[PDB]
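Presented below, as structure tokens, is a lone chain in the form solved without its partner chain.
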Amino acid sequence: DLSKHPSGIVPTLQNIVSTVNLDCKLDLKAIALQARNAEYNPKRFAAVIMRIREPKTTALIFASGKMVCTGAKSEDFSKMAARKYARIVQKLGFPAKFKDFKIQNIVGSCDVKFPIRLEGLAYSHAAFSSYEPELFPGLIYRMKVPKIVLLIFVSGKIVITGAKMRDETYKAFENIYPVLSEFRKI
């Protein structure tokens, strides 16, 4: 679909983090006792860690009724999964609602299929680049428009994070594509 993706490449979404407000105070101890699919070491982290198989995700349930859903491959799957946790808490006897569901971060990745001269890229876009190969092999490109972070590897493989809307993921990628080509490694 070249009209939307002129590069002819569409980043595949890998992880969605969403949050929602169950709207009631929760008893984390009771929940970890009753819950089966739930983990809870208050000493290590203040939340019950619960997981479901479909959509395969992990939820962090807090005493406040606030919740973080993680691991889904799309926004709808993220909402669905958050909804499943809500019913699990409702059925544990808590009046869980579903308030202010919000997608907080979308992670995508794609492959341009040509290698990149990272040091060159880093040198010419130094105001956005951060590249210490001896520490981490990818170059961190913090794009300003949209405010997105791309991890660029010499392999031609790229990771795009920090999006709240999938179109930001798509645009950051289309924005970086002519740049990747400019620094293709021959």
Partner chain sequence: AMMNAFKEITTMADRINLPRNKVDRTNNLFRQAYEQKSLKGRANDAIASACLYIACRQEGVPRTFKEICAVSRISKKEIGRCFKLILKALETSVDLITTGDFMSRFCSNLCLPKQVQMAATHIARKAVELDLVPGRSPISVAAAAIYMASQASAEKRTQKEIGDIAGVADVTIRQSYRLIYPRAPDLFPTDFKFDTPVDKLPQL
Second form
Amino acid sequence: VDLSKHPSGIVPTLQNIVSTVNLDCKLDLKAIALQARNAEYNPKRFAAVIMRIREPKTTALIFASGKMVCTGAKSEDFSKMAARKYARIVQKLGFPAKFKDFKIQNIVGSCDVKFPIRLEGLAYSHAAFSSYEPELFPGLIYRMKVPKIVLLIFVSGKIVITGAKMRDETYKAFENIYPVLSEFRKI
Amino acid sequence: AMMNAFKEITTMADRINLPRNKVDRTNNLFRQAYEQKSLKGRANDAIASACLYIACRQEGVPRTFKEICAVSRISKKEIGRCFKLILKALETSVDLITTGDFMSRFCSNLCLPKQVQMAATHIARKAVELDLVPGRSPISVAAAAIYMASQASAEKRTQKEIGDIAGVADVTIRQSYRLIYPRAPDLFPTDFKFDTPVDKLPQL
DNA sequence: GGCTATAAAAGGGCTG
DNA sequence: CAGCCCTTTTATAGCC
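Starting from the form solved without its partner chain above, please write out the structure of the form deposited with its partner chain bound.
Once more the chain from above appears, this time first in line as the rest of the complex follows.
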């Protein structure tokens, strides 16, 4: 691990990265639909071709403006990589693909404290940051001060930390909340 | 928008039998979610419902989301959503909701005696005290406990009868019930009666 | 399976 | 006519 950086001794495993990239070229979704084959375009529900590729297992939403969105990648670089492969596809279809403006927009990651948690004590103690309605969702939606990431503590110890643009914010969240989780460990 | 909103609030209140207290407080909440609003495109009677939800609970007497909805039209979703929005807006929060919170009402609609109520209420607390039902919704636990209690008395009610009033589903009630059944003995009151004894309670 | 919940981008849609 | 919603991903999990 690296107790200097992950004092908890647990390092959140990244689970889904969402990045956007602007191809510049105005796309013909109608066209792109007809030959892509790994795509899926339905003007009906969603106004964007939905193409997917094996390795890295990602999914892209492509709009007739050049703007693409890559989701599913389990890593930035991988999100980036796949985003290139999409452009090269659009490119190999007859379009002026340009990899302008690529950016990481959200890093979803998960974790396991390995001990059950007394959510109510946490929901009660961090009133300002927690929302725990078993009636609406079985998780305690915690909203961290800094960084501005949302965690979703559960009774089992599994954590889910969303909202990060930089994988390190993800780490800064967990280490922040870990000694709160430990305090409310189930007896 | 506001006055006519209160027109409906009262209608809501009445249908589910709410006295002046929460019925007034819900208007006071609603008037504020107009001043200290930020509830923009939200239904005015969604802001209302949620208010007559955050109200019942602040009065120490809450009813399930399903209960408000069944006097509302605005989905459980929206009342769940504007509810969250409203607490944040107004910088306020509530108290959690527990086993012995719906026991009074659930039992009255179920038409059971004080005997059954008390035991269900003691079972549910020990179910939790004994951590027998880890991540179960308190409503579920309660409806479960109410089934153990009642089934061990004369005045019994079925899972479809309990589920129907608790606002849960037999499947779900079965889930918690079966989780607490193995501790049935340690869960009852002690001085509990017993038209049917524990060794006889439905295993489920 | 489905629903509910969290974050995030894209452009059009429906609207209080 | 600012504001949410649709669509796609992912971890997680109780209720239907």
